[PDB]
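Asker: Each chain is listed here by its residues.
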Amino acid sequence: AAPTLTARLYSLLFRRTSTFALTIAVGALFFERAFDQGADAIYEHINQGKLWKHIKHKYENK
Amino acid sequence: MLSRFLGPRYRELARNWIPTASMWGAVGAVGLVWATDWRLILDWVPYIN
Amino acid sequence: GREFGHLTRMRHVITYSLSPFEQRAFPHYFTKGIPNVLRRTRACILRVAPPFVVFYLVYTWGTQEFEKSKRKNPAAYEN
Amino acid sequence: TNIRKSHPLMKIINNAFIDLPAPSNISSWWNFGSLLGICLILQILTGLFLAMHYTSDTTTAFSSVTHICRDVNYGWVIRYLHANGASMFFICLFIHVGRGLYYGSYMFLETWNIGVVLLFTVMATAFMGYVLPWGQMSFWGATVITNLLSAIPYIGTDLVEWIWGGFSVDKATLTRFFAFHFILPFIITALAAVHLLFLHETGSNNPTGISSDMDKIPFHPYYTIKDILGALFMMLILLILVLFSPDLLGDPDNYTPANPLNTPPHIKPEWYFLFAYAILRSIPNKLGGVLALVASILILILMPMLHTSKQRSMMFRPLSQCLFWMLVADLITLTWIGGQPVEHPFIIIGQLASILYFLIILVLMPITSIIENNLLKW
Amino acid sequence: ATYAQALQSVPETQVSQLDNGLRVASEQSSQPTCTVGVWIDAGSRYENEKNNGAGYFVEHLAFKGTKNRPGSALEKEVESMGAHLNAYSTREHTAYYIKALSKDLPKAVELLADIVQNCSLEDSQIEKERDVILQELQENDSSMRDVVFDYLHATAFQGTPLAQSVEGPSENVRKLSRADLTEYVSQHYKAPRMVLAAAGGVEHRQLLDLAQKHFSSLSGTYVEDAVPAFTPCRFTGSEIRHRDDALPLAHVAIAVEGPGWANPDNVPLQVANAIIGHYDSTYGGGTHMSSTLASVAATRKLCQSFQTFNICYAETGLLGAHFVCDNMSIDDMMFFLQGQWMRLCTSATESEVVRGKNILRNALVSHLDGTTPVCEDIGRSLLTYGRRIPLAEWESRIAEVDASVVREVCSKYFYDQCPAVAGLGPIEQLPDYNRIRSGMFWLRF
Amino acid sequence: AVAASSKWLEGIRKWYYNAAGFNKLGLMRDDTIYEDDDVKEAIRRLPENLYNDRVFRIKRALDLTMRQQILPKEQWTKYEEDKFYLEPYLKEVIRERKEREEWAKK
Ligand code: HEM
Ligand code: HEM
Ligand SMILES: COC(=O)N(OC)c1ccccc1COc1ccn(-c2ccc(Cl)cc2)n1
Numbered sequence: 002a003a004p005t006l007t008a009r010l011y012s013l014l015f016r017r018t019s020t021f022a023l024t025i026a027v028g029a030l031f032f033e034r035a036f037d038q039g040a041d042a043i044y045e046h047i048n049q050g051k052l053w054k055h056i057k058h059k060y061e062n063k
Numbered sequence: 001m002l003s004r005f006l007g008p009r010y011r012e013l014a015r016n017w018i019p020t021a022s023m024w025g026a027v028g029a030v031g032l033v034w035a036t037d038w039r040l041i042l043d044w045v046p047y048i049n
Numbered sequence: 002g003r004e005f006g007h008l009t010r011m012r013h014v015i016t017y018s019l020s021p022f023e024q025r026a027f028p029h030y031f032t033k034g035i036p037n038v039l040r041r042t043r044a045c046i047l048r049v050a051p052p053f054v055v056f057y058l059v060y061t062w063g064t065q066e067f068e069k070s071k072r073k074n075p076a077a078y079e080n
Numbered sequence: 002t003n004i005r006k007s008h009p010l011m012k013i014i015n016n017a018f019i020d021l022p023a024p025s026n027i028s029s030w031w032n033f034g035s036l037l038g039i040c041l042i043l044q045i046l047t048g049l050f051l052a053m054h055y056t057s058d059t060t061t062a063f064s065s066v067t068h069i070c071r072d073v074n075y076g077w078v079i080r081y082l083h084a085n086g087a088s089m090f091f092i093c094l095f096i097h098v099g100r101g102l103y104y105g106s107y108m109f110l111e112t113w114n115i116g117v118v119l120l121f122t123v124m125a126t127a128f129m130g131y132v133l134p135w136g137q138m139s140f141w142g143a144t145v146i147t148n149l150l151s152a153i154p155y156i157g158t159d160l161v162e163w164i165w166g167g168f169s170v171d172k173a174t175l176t177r178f179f180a181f182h183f184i185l186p187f188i189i190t191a192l193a194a195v196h197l198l199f200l201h202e203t204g205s206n207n208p209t210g211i212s213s214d215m216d217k218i219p220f221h222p223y224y225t226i227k228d229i230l231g232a233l234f235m236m237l238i239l240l241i242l243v244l245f246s247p248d249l250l251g252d253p254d255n256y257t258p259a260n261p262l263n264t265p266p267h268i269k270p271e272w273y274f275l276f277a278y279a280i281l282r283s284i285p286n287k288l289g290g291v292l293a294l295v296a297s298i299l300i301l302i303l304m305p306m307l308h309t310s311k312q313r314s315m316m317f318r319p320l321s322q323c324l325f326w327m328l329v330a331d332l333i334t335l336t337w338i339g340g341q342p343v344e345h346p347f348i349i350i351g352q353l354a355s356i357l358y359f360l361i362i363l364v365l366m367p368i369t370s371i372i373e374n375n376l377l378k379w
Numbered sequence: 036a037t038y039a040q041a042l043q044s045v046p047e048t049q050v051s052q053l054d055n056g057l058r059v060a061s062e063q064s065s066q067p068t069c070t071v072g073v074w075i076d077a078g079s080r081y082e083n084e085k086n087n088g089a090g091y092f093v094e095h096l097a098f099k100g101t102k103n104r105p106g107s108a109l110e111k112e113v114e115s116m117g118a119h120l121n122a123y124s125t126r127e128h129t130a131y132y133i134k135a136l137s138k139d140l141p142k143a144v145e146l147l148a149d150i151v152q153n154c155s156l157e158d159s160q161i162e163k164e165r166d167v168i169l170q171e172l173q174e175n176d177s178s179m180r181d182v183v184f185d186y187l188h189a190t191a192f193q194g195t196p197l198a199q200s201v202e203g204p205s206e207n208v209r210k211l212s213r214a215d216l217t218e219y220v221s222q223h224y225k226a227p228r229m230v231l232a233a234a235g236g237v238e239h240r241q242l243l244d245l246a247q248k249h250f251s252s253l254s255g256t257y258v259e260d261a262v263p264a265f266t267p268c269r270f271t272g273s274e275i276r277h278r279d280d281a282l283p284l285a286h287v288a289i290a291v292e293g294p295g296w297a298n299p300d301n302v303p304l305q306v307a308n309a310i311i312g313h314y315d316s317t318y319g320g321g322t323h324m325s326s327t328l329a330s331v332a333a334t335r336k337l338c339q340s341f342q343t344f345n346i347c348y349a350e351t352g353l354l355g356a357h358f359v360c361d362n363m364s365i366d367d368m369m370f371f372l373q374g375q376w377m378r379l380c381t382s383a384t385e386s387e388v389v390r391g392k393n394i395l396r397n398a399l400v401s402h403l404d405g406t407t408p409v410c411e412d413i414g415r416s417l418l419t420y421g422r423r424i425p426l427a428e429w430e431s432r433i434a435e436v437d438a439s440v441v442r443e444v445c446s447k448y449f450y451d452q453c454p455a456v457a458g459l460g461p462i463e464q465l466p467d468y469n470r471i472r473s474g475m476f477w478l479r480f
Numbered sequence: 006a007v008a009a010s011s012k013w014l015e016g017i018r019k020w021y022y023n024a025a026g027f028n029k030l031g032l033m034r035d036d037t038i039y040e041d042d043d044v045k046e047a048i049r050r051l052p053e054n055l056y057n058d059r060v061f062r063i064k065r066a067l068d069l070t071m072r073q074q075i076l077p078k079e080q081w082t083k084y085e086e087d088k089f090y091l092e093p094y095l096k097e098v099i100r101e102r103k104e105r106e107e108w109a110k111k
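Chains as they are written, first to last, in the deposited numbering: chain I, 2 to 63; chain J, 1 to 49; chain h, 2 to 80; chain a, 2 to 379; chain D, 36 to 480; chain g, 6 to 111.
One should not assume that every hint holds.
[Said to hold, decoys possible] Each pair of labels, with its calculated beta carbon distance range:
1) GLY117/D with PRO8/J: 58 to 66 Å
2) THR64/h with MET215/a: 50 to 58 Å
3) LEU284/D with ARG16/I: 32 to 40 Å
4) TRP108/g with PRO367/a: 57 to 65 Å
Derived by calculation from the structure, the hints in this document are not laboratory data.
Beta carbons are placed, not taken as given, at the ideal position from N, Cα and C, and that holds for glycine.
Build the full structure now, drawing on both the sequences and the hints.
Answerer: Rendered as structure tokens:
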């Protein structure tokens, strides 16, 4: 009866609910700068060649 | 006359409670800079720039 | 839970009262009141008043030494 | 079947004002709590008028206030009701705190601690109302706060820039001072209902310091007619200062407009801040001076811990009564020194009186209660 | 002269075995009386749904007449020498035993061998023992403590043999035939499942030769002799609520899953339950007592009684508490009890553990006082541990418990676990299961 | 505990008793104590005749203060007639609190 990989770190960090009181602060990363994969790479792909920083090399260093 | 801290049995008062707080005096250096827009710990790691 | 029937325990005490319409609203006013407000003044005068006397002496020394440090110069005003 | 004992809204009023048990020997010093509730309501129905006709900018603030005394109908009476009504609030607040200090009312711990919060909130509100008319006293009084507020070693330089509207003296300075002044009087009204809910758990203290559960009377009609008479005597004093000398409590130099034009002949706030301005001015360090400003009001929270007498009040303590009136005469000295220029006799006096204010509360009062304990053979 | 020296001078237990597998054990203690009995691995956890009232029906007919001594002739022989007969049945054990004079030992062993081997299950004593058992079930319904512990087993072990009751349902009692009782004895009253124990004025050599004279015709290995299969039983977090407002007081039992018999965690879990304690309203200690839950319930008049238990089976068990209170006090008793469990998972001090170790030492030696509790401890320790654990070995296990051990074992069994709850009576103020389950973890640690 | 100031320090004690004025309201010294939790347990342990005497003396003094009046000088409480009726009951309540506190740390 080998279990699955849901014993994540339950015996390591999550038992004594020390994590739960401060996940607004401590467990808070991986979801602003790791989501450069998110909206900005999607939004500029639907609007390729239409934003200002696409038509930009045409009008500096002239 | 606040000598309730001074006792020979409740010296283990602080030994069951500080293993919670191994990071809890520095969570302001982990968690508040998530919203300060400073660079306090943002030079420590190449994780974030 | 602080209502009138539940406050404290009391035994052997009698009170007598008169109606307000049966008495005069102003009894002895200057016969009793003037000797009463004078011994109340005597009982508290040695506790309240001596601090405010020391404020008066510091105030007079502080405004008079302010002027003769400034432009009041009779005799220290030579070559 | 008595409707004032069974209706859900009427029975709250009955337990609070009508059938409430009250001590029978309560003095006139217990009148000033309902007087503070009259002064707070009056400052709300008069601040309605002023914020209606108002514009807060660096170019028009000084003229927006002069428009009301001449052009706006019934504006001279309502403006000076508001400027003298705030002086009335502060005299009814210092009597109120000195009562509870004298009779040991701070032993009601939760009621006393909400009171210290109420003393901070009205002090910060009135500071952000004297900066609104924009005269010489408004400018130079605000620009000595930020010298000690930028002295905070880490966050202070971005703190003052966030509250100045964004740079310095500009149009939007008086959009954050005015915002912090419209809304702070309503946190006071909610903090006052909580303040009375904690007092209702024990009832009132009395001048003897002894519990009075064998001698209670109803609140109506004995103290409802006594609080109405005391409020009528307060309206007589307030309307005399408005209709016969409306500029007695004030400074003429705040009629000279605000500009960095020239340094003023003096710098002084209103009378109820002169004790606090005298303390910080006698410290030649902009960090030591901002610490002793907050330590002059938050020292009231240590009064339950510093109590060493076996009795509660000061009615039977003659040696402690002498020290209480030395403290009142020490606050009169600081109010006088804080309106004087910084010269030779007013620096040695203004800094020894700053020391004696802390020496009485912390050291002299706990030792004297112990000496009186030994003289009564306990 | 010392408590340590007195544990060395306790007489030891001697164990032997016959050719059929029957074990024989004794402790000699130089007194004119004795207690001898037979302990069997049989019980309601070995029954299925078709014969759940079979072992309790057989205990009733055990003293009603055998082949050699029919009817009341067995009862006349025990009474005429001044001896006593007794029996019981749990979920895993069954015992019959005799208290007699120590010179009546050969007659006592002879009667015991005739009871377990040659008991007549005659068809007229059946159909008149049904009505005695059916009336005894209606008497059991008036005992609120027995009903609420039957509810706790039925909800903690829902679809297993360990959830059944010893007595069995009333429809089984009406229909158990003579054939079902003869199959129960042939399958379960077997010689490697039996222990013959004795304590008092007994010599071990005399009991061994009496066992060869009367018990040697027991079948050693059996027809086809298949291994008795042991299906384990799982624990389920759940609850059962029986609402009856006409009863004057309310009964509540709550437990988590505990360790088995041979688990070494049992000793520090009994030091922990001795710190919580027990209370009753006829106690004289009251508000001064060392247990926090006892001192609170005496000051505020919160309950009539409470107790903590440690029930063990071969592989699992129940670890919890039971209390009785009025309809306005259920929410406060559950709040204070759960706060004492969480205060031992964390925060347990060394001075509490010293008191709880002294309580367990006193309760172990107070049980073994007299020939009947010593003989019962011999008979059920050989079925449970395979040996008798002496008092010197119990003391060396107790002496290695300290405050950090109690914190580790209580956190393993209590912290963030699903309990089983049973409630009976005026229980409208018994809290919701979500609010009970949230009481098994803290905010801080 | 000085034998040379045995009478002198009793003059300052008698002076302070008259400067404080609970004797002008007809009160004893133990009437004026602040009622914390140890004092409230000592009042509950008083015999029934000493409890009823204390309740009336406090009510008569609260009624005098309402009127801003004092008693005639022949009805004032004398210095060498003041009975410390509460002091034996209060020393025992405090000794029991200090026993439960050494036990909780040892
Ligand atoms: C907006 C400010 C305030 C309001 C509206 C207010 C209101 C009241 C009222 C109505 C009472 C009851 C009647 C009375 O005894 O006067 C009271 C009592 C009391 N107040 Fe205030 N108060 C305020 C500020 C303060 C402050 C600043 C303090 C102390 C630092 C304080 C501490 C107390 C205490 C201790 C009592 C009980 C006194 C006693 O019964 O002897 N309050 N307050
Ligand atoms: C605790 C209550 C209050 C206090 C202590 C207070 C205090 C003051 C002070 C000292 C001034 C300066 C007057 C002058 O220097 O001429 C003022 C004016 C002003 N107040 Fe208030 N006030 C209170 C309530 C309010 C309220 C409720 C409002 C808004 C609804 C308000 C808004 C204003 C405005 C806009 C001014 C500027 C108008 C003027 O200067 O005449 N204030 N107040
Ligand atoms: C009516 O307004 C004035 O008197 N103001 O401010 C415009 C003024 C005008 C000129 C000079 C100085 C001031 C202010 O002087 C002080 C001294 C202490 N506080 C203070 C303020 C808030 C708090 Cl919480 C605590 C203490 N203020």
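Asker: Each hint needs a verdict: does it hold in this structure or not?
Answerer: Here is what the structure says about each hint:
Between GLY117/D and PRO8/J the CB atoms are about 59 Å apart, so this pair conforms to the stated range of 58 to 66 Å. Between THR64/h and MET215/a, the C-beta spacing of about 54 Å keeps the proposed range 50 to 58 Å intact. Checking the proposed 32 to 40 Å range against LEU284/D and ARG16/I shows it holds: the Cβ atoms sit about 38 Å from each other. At roughly 30 Å, the beta carbons of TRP108/g and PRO367/a sit outside the given window of 57 to 65 Å.
Hint compliance for this structure: hint 4 is the single one not met.
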